[PDB]
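2 protein chains.
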Amino acid sequence: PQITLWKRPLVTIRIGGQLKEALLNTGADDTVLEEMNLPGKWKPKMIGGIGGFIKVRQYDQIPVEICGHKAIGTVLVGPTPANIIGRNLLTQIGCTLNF
Amino acid sequence: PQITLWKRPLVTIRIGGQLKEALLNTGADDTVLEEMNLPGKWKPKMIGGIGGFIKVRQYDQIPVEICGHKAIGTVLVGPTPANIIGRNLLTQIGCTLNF
Ligand SMILES: CC(C)c1nc(CN(C)C(=O)N[C@H](C(=O)N[C@@H](Cc2ccccc2)C[C@H](O)[C@H](Cc2ccccc2)NC(=O)OCc2cncs2)C(C)C)cs1
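As they're listed, the protein sequences go chains Z and Y.
491 is the number of the first residue of the first sequence in full-length UniProt numbering; add one for each residue after it.
491 is the number of the first residue of the second sequence in full-length UniProt numbering; add one for each residue after it.
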């Protein structure tokens, strides 16, 4: 698809076999998801948002399906009020900024 | 311009009379720039995200130059760890996501 920015670019993502609504975010390297248990090893991380930093768990090689598109990559799980799909996965699904 | 997402989508913006780098951010409802002086009035405001919210000055109908593209809109000024160009202005310059 080709999403416009008049409204927040929200889409459906599937991960761990669970379906979630996410926001496409060119403004961030990594992808952050709302708390949700996931399998695998994981290292602790600290990431800074607009109002400060939050602690997250970084999982690697996690398959995440975005709007029908396949992606496998590093996912950060933690206190975020919104599942934000970052650049790495964006490029994985062939997303670009056009103007 | 076709922007890949493999790297930060930074672009030069000319505002007021200053030319600085800002991120084309589709994960932001608003445009936020780092502390600076701007002419005009302004109502205080609190914008938030990961880590919480921050205090910013809201200026409206502010001229902004983003890659030979002229836009006139709302510009929040304050303690942002990054110069952000949000959807309010991205749409103005006719920008979309495609994949
Ligand atoms: C509540 C929820 C349903 C929503 N609210 C909104 C509206 N809001 C609040 C925003 O758009 N808020 C913006 C914002 O921070 N957007 C964010 C997405 C988000 C939205 C809501 C809650 C948490 C994260 C997305 C933005 O690209 C910012 C920009 C940025 C860059 C460097 C330093 C700080 C910030 N990115 C991050 O906060 O990235 C965190 C990281 C990810 N991986 C590593 S750090 C502000 C800049 C204005 C959209 S969805």
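One or more of the hints may lead you astray.
No copy is singled out in the list; a pair is fine if it fits within one copy or between any two copies.
[Unchecked claim] Cross-link-like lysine-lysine pairs, in silico, DSS-like; alpha carbons within 25 angstroms at most:
1. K531 - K497
2. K497 - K535
3. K497 - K533
4. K560 - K533
5. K497 - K545
6. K535 - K510
7. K545 - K531
Don't read these hints as lab results, they were simulated from the structure.
Against the structure, the hints come out as follows:
With identical chains, the CA atoms of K531 and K497 are never at most 25 angstroms apart, being 36 angstroms at best within one copy and 27 angstroms at best between copies. In this homomeric assembly, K497 and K535 come within 25 angstroms of each other (Cα to Cα) only across copies, at 21 angstroms, whereas the closest approach inside a single copy is 31 angstroms. In this assembly of identical chains, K497 and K533 lie within 25 angstroms of each other by CA distance solely across copies; the values are 24 angstroms between and 34 angstroms within a copy. Proximity of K560 to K533 under the C-alpha cut-off of 25 angstroms is restricted to the intra-copy arrangement: shortest distance 24 angstroms within a copy versus 44 angstroms between copies.
In the homo-oligomer, the alpha carbons of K497 and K545 lie at most 25 angstroms apart only across protomers (24 angstroms), although the nearest pairing inside one protomer, at 29 angstroms, exceeds that limit. Proximity of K535 to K510 under the C-alpha cut-off of 25 angstroms is restricted to the intra-copy arrangement: shortest distance 23 angstroms within a copy versus 30 angstroms between copies. Within a single copy, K545 and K531 get their C-alpha atoms as close as 16 angstroms, which meets the 25 angstroms cut-off; across copies the closest is 37 angstroms, which misses it.
Hint compliance for this structure: hint 1 is the single one not met.
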